[PDB]
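A single chain, nothing else alongside it, follows as structure tokens in the form deposited without its partner chain.
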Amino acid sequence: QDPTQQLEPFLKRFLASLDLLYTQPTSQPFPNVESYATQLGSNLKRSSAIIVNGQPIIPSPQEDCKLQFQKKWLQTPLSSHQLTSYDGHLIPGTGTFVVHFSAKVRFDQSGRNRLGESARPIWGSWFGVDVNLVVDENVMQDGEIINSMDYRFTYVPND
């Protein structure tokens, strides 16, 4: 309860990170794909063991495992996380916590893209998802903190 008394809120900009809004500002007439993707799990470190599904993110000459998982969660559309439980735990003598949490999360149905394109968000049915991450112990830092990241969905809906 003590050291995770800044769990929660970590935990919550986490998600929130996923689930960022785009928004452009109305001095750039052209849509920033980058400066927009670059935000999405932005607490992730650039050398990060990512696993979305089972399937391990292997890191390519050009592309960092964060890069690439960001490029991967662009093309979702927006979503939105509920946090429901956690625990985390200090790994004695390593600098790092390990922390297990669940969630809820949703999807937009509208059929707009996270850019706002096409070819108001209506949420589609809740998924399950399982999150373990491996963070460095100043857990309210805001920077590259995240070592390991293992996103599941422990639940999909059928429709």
Given for the second form:
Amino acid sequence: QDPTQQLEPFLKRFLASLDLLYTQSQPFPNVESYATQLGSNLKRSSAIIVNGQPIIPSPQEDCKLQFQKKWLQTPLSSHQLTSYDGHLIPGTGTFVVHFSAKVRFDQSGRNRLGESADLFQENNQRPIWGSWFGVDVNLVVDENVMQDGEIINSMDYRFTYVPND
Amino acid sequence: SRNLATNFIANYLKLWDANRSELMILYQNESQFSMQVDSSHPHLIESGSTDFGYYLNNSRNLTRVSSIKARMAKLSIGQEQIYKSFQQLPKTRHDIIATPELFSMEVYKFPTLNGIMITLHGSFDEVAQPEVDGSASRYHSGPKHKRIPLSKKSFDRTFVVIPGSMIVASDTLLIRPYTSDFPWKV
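Which structure goes with the form solved in complex with its partner chain, now that we have seen the form deposited without its partner chain?
Let us now look at the entire complex, which starts with that chain.
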């Protein structure tokens, strides 16, 4: 558009932050440096809803931190942006951005730090992607999108389709 | 707020299926509407792929439209433009009264202007061709083409509603393949 052009690179950067591959010799992984990069364009007190369930801020942990600690516990993700649209709403300094994506998840049994909880079971490591989930996402983001700091005021993230697996 | 949104959506969809001209009071000069098609969206398979023929020319899927002219031509601003977009969408029935369980919804605060965000997810039946054929005859307006099939679609729709009684500031409709399986089912 005029003002929507910069939205696509921003969306791809945001999604790539959710799909971050952990990199590293040291005995225990750097959990906090990894997890604070997840969805890092979120603002500390952004409104966040995942599948209809809001993240509730506690005095100890703001919404962004809570989200990052929950997202950390998902298997490695891979999102593909499939559509977006956006409206600059006058007198707000914000875009509403409505986008869709497909997302799939690592089925290998390893978590995002490369570790598997298989000690009791009877058992290079590349991710083994499962089937595509559908996702619908709505963001309210600051008009000055060219910055990749904390610009997202709210995110509503909603699975539209979950494959049998 | 959760009840004020349930009522908004209930009345909206009644008129969206019946008389779309009756919705135009909700929109003002600065109000915005656009519709986007996501033909790649996941869905339960089991006639072939979905035919999006009525939707494609007006689709503002901004990953697929690169020229500034086309990007701005698919955005509707103000009552007149928005009403014309509404006339080019197939006529529908959303079965929200009988089967409200086909639908999911989030409602929360917009950061400014004392507004609320309402997002609805679900499906609809197409019951008739659009009033105005925006797909590119005596049976339809515009240039001749072979008959486009009507079919169910799934969708998501986001409203920013403000005090202004109620004014829709922003309205985005996403159209995608019908999925008879979805995570809020049963």
